[PDB]
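The complex appears here minus one protein chain, its other protein chains still in place.
Chains here go by letter, A and B, matching the order in which they are written, and residues are numbered from 1 within each.
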Amino acid sequence: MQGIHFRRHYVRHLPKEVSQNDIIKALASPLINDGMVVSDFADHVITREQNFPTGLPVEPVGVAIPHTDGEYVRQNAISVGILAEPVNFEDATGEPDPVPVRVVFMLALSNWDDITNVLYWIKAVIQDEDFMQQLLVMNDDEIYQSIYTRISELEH
Amino acid sequence: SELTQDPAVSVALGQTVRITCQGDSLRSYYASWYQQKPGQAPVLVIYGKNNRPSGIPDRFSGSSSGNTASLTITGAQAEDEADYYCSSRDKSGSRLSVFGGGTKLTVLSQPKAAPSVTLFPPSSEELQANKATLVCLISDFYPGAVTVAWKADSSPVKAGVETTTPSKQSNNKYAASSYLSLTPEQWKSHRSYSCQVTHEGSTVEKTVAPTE
Partner (left out) sequence: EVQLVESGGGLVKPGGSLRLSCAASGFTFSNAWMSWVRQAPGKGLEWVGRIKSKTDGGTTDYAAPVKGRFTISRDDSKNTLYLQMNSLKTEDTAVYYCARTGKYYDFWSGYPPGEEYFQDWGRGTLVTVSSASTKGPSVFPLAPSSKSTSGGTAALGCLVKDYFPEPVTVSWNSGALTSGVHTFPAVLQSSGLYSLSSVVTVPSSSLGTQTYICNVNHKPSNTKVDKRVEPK
């Protein structure tokens, strides 16, 4: 519960030529710059996405929660990304049908108790349907505002 | 405790069996399953949402419903005969772990056999040490549901009697032992002592005598 560090440049819009590896690069990059995670953090996130996919077939737009073991995280951090086109992420529950994804929540948590709590709260925010509709229109400066307000409440 | 299991369950070889674990915390958390063979440390079988470690047959599978968890063996084999334990949280919101009462799985795996009974009177060396112990050996029987009775002459005795629960031998049959502790005077003052073994409606009685 050692605080989820958030900055402005931890939110960015991604172009249309991005694949699954391109996303994990762009979202991790600010986290390794600020010493949040190890140098090869994108490697360990990609490795876990191959073994445990994080595609979520939520309505109306699917999402992905790419993360890794808390062993490769120095400080708790979050990185957000919005995609211009739906990118295929494999289903997390096991259905062979993939999931189109436009919003991606890279989670960088450092200990097991924080992974279970943040992941549980994430399940509630993706069910905020009227919020899953406005995430695709807010720009990189404002997406901060709404999404950071729900981080400052977690300290409860 | 919080988690409750069926004490004993028996299944025919090659058929399906379900072991159930009931607890309040199962409405919030999954349960893992552990198989313990006699004289061996436990081993993990099913954990989480039907996750199975490498080297575990695919006939093992877990499930969950309300406040109950289930371990299903499809087509039970002789190697699956062991004790099974469920493990989960004690209550909701806790970081402690709690095991279930345990379930003894009996896989009826091979044909029925009548028990062979041998009764050992007290040795001369033991009587010369002011002690007397009758040793009754029951071996080579299947299934392992026997009852042992002792007799001083024609009257039964239960005090000073202790019997080990039947255990499997090398030939995959069952064996057990029962003891009667006597004083040397008790041994000399009766005409005979008897060890009755009952296995599926069939009783076998061995008898020893001090004058023999």
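The definition used in the following text is that a residue touches a chain if its C-beta (ideal position, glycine included) is under 8 Å from a C-beta of that chain, and two chains touch if they have at least 3 such contacts.
Engineer: One chain isn't shown here. Among B:79, B:162 or B:200, which residue touches it?
Structural biologist: B:162
Engineer: I'm checking contacts with the chain that's been left out. Which of B:70, B:177 or B:186 qualifies?
Structural biologist: Answering carefully, the residue with contact to the hidden chain is B:177.
Engineer: Using the definition of touch stated at the top, determine which of B:9, B:98 or B:157 touches the missing chain.
Structural biologist: Considering all chains, including the one not shown, the answer is B:98.
Engineer: Tell me which of B:10, B:22, B:106 or B:133 is the one touching the absent chain.
Structural biologist: B:133
Engineer: Check the options B:74, B:123 or B:189 and report the residue that touches the missing chain.
Structural biologist: Touches the omitted chain: B:123.
Engineer: Since one chain has been left out of the picture, which residues of chain B touch it in the full complex?
Structural biologist: So the residues of chain B touching the unseen chain are 28-32, 34, 36, 41-44, 47-49, 51, 53, 85, 87-89, 92-93, 95-102, 116, 118-120, 123, 125-126, 129, 131, 133, 135, 137, 139, 160, 162-165, 167, 169-170, 175-177, 179, 181, 212.
Engineer: State which residues belonging to chain A touch the missing partner chain.
Structural biologist: 65, 70-71, 92-93, 110-113, 115-117, 119-120, 123
By our rule, only the chains that are shown with their structure count from here on.
Engineer: Could you state the distance in Å from the CA-based centre of chain A to that of chain B?
Structural biologist: 52
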